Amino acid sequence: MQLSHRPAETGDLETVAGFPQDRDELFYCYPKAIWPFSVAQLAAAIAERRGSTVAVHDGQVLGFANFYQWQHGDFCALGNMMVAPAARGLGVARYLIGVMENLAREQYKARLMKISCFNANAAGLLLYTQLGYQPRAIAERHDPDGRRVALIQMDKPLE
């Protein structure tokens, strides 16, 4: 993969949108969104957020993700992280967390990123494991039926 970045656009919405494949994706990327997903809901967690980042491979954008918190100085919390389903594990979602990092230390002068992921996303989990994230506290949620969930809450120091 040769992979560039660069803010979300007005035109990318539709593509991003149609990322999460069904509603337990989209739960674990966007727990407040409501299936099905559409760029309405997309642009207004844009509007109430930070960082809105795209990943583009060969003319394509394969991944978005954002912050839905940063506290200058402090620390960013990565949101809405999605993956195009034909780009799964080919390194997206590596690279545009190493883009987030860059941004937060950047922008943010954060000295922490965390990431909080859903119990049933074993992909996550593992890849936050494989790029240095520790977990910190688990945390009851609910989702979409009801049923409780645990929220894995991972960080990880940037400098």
Given for the second form:
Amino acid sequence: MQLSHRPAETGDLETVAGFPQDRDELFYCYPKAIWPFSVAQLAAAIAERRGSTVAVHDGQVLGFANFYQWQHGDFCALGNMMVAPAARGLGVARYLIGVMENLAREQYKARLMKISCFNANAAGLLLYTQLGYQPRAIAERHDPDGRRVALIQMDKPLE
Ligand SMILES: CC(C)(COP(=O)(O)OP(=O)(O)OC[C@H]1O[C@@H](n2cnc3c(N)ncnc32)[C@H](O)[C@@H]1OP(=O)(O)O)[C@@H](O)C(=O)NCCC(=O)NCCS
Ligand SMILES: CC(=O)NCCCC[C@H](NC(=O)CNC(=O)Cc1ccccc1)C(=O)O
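Compare with the form solved without coenzyme A (COA): the form solved in complex with coenzyme A (COA):
What follows is the whole complex; the chain from before opens it.
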């Protein structure tokens, strides 16, 4: 793996919008979105958020993330963390989270990164645990079927 990163561009939107494979995946990474995902929904998130970044390997956009929240001198919250299905388990999200942590420190002087994860998303919970995030609270949310789910709020000091 020879990963690089850059800010997201318009031309990346169709590829990134293709990443969520089912309603569950979309809900995990973008719970306010509606299935099917679309480039217009992705572009609306980008416009509302900060720090939209892609990860690239061998000429392919394989990952995307942004900041859900940003508070100068305080914290950022990671959002919209998505990886291309063919490139899952290869370190793309680990790489991009490291990039985003640097960006939070450098641009926002953040002391902390917040990352929330839905309970069903075992891969995510284990990912963030691996990266040094600790659980802090659990909030009730509802999925598109009106069923109760648990949102696990985690954080990590940035140093
Ligand atoms: C969750 C997701 C972003 C992980 O991206 P990824 O690039 O595949 O993850 P990485 O390869 O960087 O793996 C980093 C760590 O995440 C965890 N992880 C990733 N995929 C996993 C899987 N299928 N099962 C268990 N743990 C997993 C592991 O702890 C892994 O560390 P390890 O490989 O050293 O054990 C990706 O599966 C995805 O896009 N899922 C749908 C969108 C989503 O859920 N995003 C929001 C998460 S809050
Ligand atoms: C890093 C990453 O991609 N994590 C996945 C979880 C979602 C991350 C983030 N939301 C939040 O952190 C919190 N926002 C919410 O809970 C919004 C919500 C609204 C209605 C029902 C459920 C949920 C986001 O919208 O990107």
